[PDB]
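Participant: Based on the provided sequences and hints, a complete structural model is requested.
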Amino acid sequence: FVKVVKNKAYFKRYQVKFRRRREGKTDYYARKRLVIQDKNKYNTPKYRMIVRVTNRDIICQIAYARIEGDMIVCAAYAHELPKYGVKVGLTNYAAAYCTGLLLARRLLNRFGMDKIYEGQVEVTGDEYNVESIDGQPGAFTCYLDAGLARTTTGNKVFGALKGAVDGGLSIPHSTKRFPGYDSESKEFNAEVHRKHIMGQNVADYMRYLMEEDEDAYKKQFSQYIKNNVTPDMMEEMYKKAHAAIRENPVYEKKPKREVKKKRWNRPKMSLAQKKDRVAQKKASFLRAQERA
Amino acid sequence: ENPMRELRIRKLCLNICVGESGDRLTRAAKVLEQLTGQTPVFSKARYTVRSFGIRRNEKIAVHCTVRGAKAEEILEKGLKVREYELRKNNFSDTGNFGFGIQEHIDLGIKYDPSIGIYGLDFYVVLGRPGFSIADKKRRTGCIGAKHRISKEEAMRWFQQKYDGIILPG
Amino acid sequence: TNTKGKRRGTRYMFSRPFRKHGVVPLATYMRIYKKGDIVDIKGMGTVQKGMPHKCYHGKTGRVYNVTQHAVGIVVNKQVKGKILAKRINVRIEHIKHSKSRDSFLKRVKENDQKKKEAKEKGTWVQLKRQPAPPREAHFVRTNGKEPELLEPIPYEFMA
Amino acid sequence: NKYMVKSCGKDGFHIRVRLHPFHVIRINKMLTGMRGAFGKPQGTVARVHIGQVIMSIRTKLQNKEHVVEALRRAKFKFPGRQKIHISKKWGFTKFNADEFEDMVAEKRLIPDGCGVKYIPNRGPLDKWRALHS
RNA sequence: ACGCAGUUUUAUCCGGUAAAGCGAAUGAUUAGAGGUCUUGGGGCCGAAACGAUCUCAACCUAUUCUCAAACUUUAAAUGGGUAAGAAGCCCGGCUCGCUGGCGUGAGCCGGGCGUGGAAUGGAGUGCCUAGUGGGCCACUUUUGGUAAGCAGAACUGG
RNA sequence: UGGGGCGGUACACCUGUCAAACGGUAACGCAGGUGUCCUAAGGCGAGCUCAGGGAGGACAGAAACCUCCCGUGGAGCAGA
RNA sequence: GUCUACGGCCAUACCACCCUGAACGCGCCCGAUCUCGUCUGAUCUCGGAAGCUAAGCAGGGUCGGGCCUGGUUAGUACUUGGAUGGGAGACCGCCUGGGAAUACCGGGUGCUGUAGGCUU
Ligand SMILES: [Mg+2]
Ligand SMILES: [Mg+2]
Ligand SMILES: [Mg+2]
Ligand SMILES: [Mg+2]
Ligand SMILES: [Mg+2]
Ligand SMILES: [Mg+2]
Ligand SMILES: [Mg+2]
Ligand SMILES: [Mg+2]
Ligand SMILES: [Mg+2]
Ligand SMILES: [Mg+2]
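Chains as they are written, first to last, in the deposited numbering: chain D, 3 to 294; chain J, 9 to 177; chain T, 2 to 160; chain I, 73 to 103, 113 to 214.
Keep in mind that the hints were calculated from the coordinates and are not lab data. Don't take every hint at face value.
[What the hints assert, rightly or not] As a list, the in silico PhoX-like pairs of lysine-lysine whose alpha-carbon atoms are at most 20 Å apart:
#1 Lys21/T - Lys34/D
#2 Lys89/D - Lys241/D
#3 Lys35/T - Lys48/D
#4 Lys208/I - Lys276/D
Facilitator: Rendered as structure tokens:
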């Protein structure tokens with residue numbers, strides 16, 4: 003008919019890829035450049051912060067590498083903001099800001115230097131670059147792993163970068179992929195950036211709809227009705243959460259015990275059984291011809 | 009039942025090949041843009057051929073692709089031209105079909121004197137939810153055989169939605 | 002008469018083995034190469050920068066310098082009777098630590114201990130390797146059975 | 073072939089040759114002398130190892146001695162010392178005769194042409210369903 | 001009393017030659033069973049067709065006979081390189097424009113701890129310096145050639 | 001320079017093999033190449049997939065153009 | 001018992017087709033004002049949360065193809081050193097030491113490090 007292509011020979015020759023590329027999760031080309039440290043430092047680690055976005059949540063981590071697997075030292079998840087007041091809007095540009103700021107302040111507390119290195123206590127959306135003062139221990143410095151995402155203009159990855167930089171970390175960057183930047187003129191605004199952070203875009207869209215039409219409004223922003231939030235307090239809402247993070251960022255865990263030990267999954271079949279199916283199968287097939 | 013196993017139209021493709029490169033192609037462009045509401049794009053040869061009369065890297069054809077509810081309208085118009093009668097021999101093993109029109113004027117469109125007549129080709133691509141994952145750059149997969157489409161399934165869809173007519177071959 | 006190219010006769014050496022082409026598994030990079038370490042060499046041809054000459058493929062050496070991406074190595078070489086020492090700069094992905102001393106290291110540490118502890122006893126016990134000696138007069142049992150009896154077999158023109 | 077025809081018949085046998093001439097021979101023709118010596122490919126030839134096989138015949142048992150007589154006429158065409166033997170196998174197969182006949186009446190061996198086809202107990206059962214039916 | 005060695009041992013790396021393989025890649029090649037796959041027939045029973053029916057240059061599936069200095073999944077024997085302790089191990093403290101969450105690294109100082117597998121024998125270092133710079137044979141491996149007391153090479157010994 | 005001359009360049013260079021599994025190793029020994037070409041065919045970043053094979057689509061045919069599926073590199077990377 | 005983020009070793013983890021998936025998750029999914037890019041909000045970016053295990057993913061099954069590893073092949077083929085051993089030669093045998101690969105027959109079919117959830 004037509005030649006088969008996936009045959010015995012195909013598989014003998016074949017060569018598989020590393021596991022995370024087949025899953026589709028990792029780019030070893032770029033991971034090489036990042037993680038490896040120069041060979042004249044010998045154990046001085048190269049911390050990178052990680053930022054990933056799901057469909058419903060945001061994860062930010064800091065990590066360094068070894069032979070055995072990447073070590074983690076501090077993490078922050080955007081689903082524990084209601085402990086700080088924010089109830090909804092957990093995937094937008096703004097939650098990224100609060101997410102990063104939480105992360106920084108938690109990090110600094112563990113080392114010990116949360117008294118100093120406070121960054122912008124008053125948000126302005128300008129360009130701020132932290133400085134490591136003298137007589138005091140050096141500032142933390144790390145790098146950014148975006149991943150597979152595109153770094154076009156206005157992602158929710160750079161909205162997390164700023165929370166950490168305004169929180170007190172030292173990171174190199176540049177003001178091209180912040181919102182408030184004109185390609186046609188190559189200038190930065192530094193107030194539009196502030197709008198995106200406080201959520202006034204969302205307010206504009208809600209007020210736009212409540213005027214125009216109400217069915218689509220209830221369909222688009224149902225869960226802003228539950229918890230009865232409105233466009234009139236967004237700016238105060240996040241502005242209070244920021245101060246809450248700056249006050250009590252320490253984390254606590256959740257113990258649970260005495261689980262009933264139920265197996266919700268089927269185990270593997272053993273050899274004796276596998277040899278017993280085929281015999282009784284052969285039996286049935288023979289019997290059905292003596293049936294005739 | 010079948011809550012998320014329900015067919016639709018992914019996209020509708022529209023192609024016109026001429027042979028030449030110039031005014032005919034420009035006229036042919038204005039056609040498609042008027043039928044869809046959006047600019048088409050011009051397509052270039054791959055390698056040169058003598059008897060057909062063409063060189064390499066010269067614009068020949070023009071195509072465009074539509075999506076949404078506009079597709080259903082244009083397909084509806086095209087089938088009124090076709091009297092809703094198709095053959096089994098126009099369906100494929102992937103769950104897709106297509107056909108071709110010899111004159112565009114039957115669609116309910118005027119005749120500009122500045123523009124002659126033209127033909128064109130429709131090709132319809134079916135689908136159902138959970139096919140974006142194949143082009144998805146984040147974590148790409150393959151969809152599975154219980155969820156793929158057949159030559160036969162497309163027939164009964166066409167029989168059902170329009171009371172079309174399959175013909176022998 | 003042969004030529005003088007730098008890769009003459011390397012069709013197979015600077016060639017990746019079977020079903021192991023591709024990107025580089027990068028625990029190779031994350032290793033730590035300090036001064037005085039003993040190292041062996043093996044040219045990976047997947048990357049061409051900093052690879053050594055044919056003559057050093059399969060030789061062992063010793064570190065003297067450390068750069069950002071490479072290492073300096075002291076290697077001996079036999080050329081017409083006299084032997085020479087040589088200082089080749091080499092990038093990381095062509096090297097590997099050598100287990101050719103860890104055995105020595107297990108001993109001296111075990112040996113230091115085993116001296117210090119069990120010193121109060123008074124006996125100077127064995128501390129140093131000995132070769133394989135002869136083999137220990139002992140008995141053999143015939144638990145009943147007489148042995149088997151073997152003999153040769155007739156020839157046959159089986160093919 | 074000639075004798076074997078004249079003895080048994082036109083169809084009482086099947087004969088096969090088990091060598092192929094893959095190696096080449098060079099010749100230097102001296103119509113300079115010994116300068117620029119590398120020959121021209123005149124010829125083809127085949128190599129032999131000890132124990133290899135050159136010729137084989139397949140026929141019935143009442144025609145044993147005629148088979149021997151045929152090959153004996155052939156050895157005088159070769160440069161060397163050869164010898165003849167009967168095989169324990171069945172035909173041009175690789176199975177012992179005493180086992181073959183029982184082993185085909187039990188669905189391990191199938192006669193697919195001029196040869197057979199062995200089949201083990203590992204594949205998928207649909208081939209065990211097709212057989213035994 | 002250290003140091004050495006056309007040597008063995010214990011650990012540990014390097015290689016792609018012999019052999020083998022082609023139901024595994026590249027390339028070559030024989031024969032018949034299930035495929036008119038399928039293009040056409042000196043033609044074929046016929047108006048001929050994919051009605052049949054063959055086939056052929058090739059051609060799908062499972063098997064089959066034979067091959068490789070410039071092919072190879074596999075893979076030796078002999079071989080080559082390191083290591084087998086005082087230039088080692090441990091304790092404590094100092095200096096640094098180098099690197100920096102804090103830290104690493106290298107260098108200097110001051111103390112505590114001697115046999116480190118076999119079998120052998122005296123080692124090291126520096127000046128002046130002649131004659132040579134036509135080669136030949138034997139086992140084994142080996143290239144051209146019909147061969148050579150022929151021409152050209154690797155190993156050891158003469 | 002298997003006497004010299006006529007022929008060739010083995011007279012400076014590169015790949016594979018011969019070459020006897022480190023390296024090195026000869027003959028007018030085998031098979032081939034060079035005295036160039038490039039403002040990008042150099043350098044950074046981003047995005048994508050090659051050869052071919054199958055099934056469909058107005059003129060369209062062995063081959064123009066459109067779409068889907070399989071596709072471990074069976075394509076390309078100036079030249080041996 | 002199991003998932004999410006980051007990974008190391010890279011088929012005991014791949015390929016095809018069938019069964020099941022509580023809770024948390026992961027995804028599908030609904031739109032295009034502003035950010036952003038498209039011939040086309042299909043991909044990419046943004047704002048969302050009505051519904052869903054159909055798919056992806058997770059586990060499991062195949063007298064499954066391949067892969068990993070044993071046995072047999074076989075002390076066979078080959079091989080260091082040796083002989084005033086045989087033989088017309090080609091080549092063969094022996095002493096002293098080392099020692100393979102196919103066919104064929106069996107078994108196995110992912111291990112884990114750091115941080116954090118569900119399993120009251
Ligand atoms: Mg990138
Ligand atoms: Mg070689
Ligand atoms: Mg051989
Ligand atoms: Mg002199
Ligand atoms: Mg002269
Ligand atoms: Mg050699
Ligand atoms: Mg959408
Ligand atoms: Mg599912
Ligand atoms: Mg299901
Ligand atoms: Mg199996």
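Participant: Now look at each hint and say whether the structure bears it out.
Facilitator: Structure-based check of each hint:
1. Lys21/T - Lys34/D: Answer holds: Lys21/T to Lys34/D is near 19 Å, not above 20 Å.
2. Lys89/D - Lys241/D: holds, 14 Å
3. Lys35/T - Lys48/D: Holds, at roughly 19 Å.
4. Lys208/I - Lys276/D: Roughly 19 Å between the alpha carbons, so the hint for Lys208/I and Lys276/D holds.
Figure legend: structure checked against the earlier numbered hints; every hint is met.
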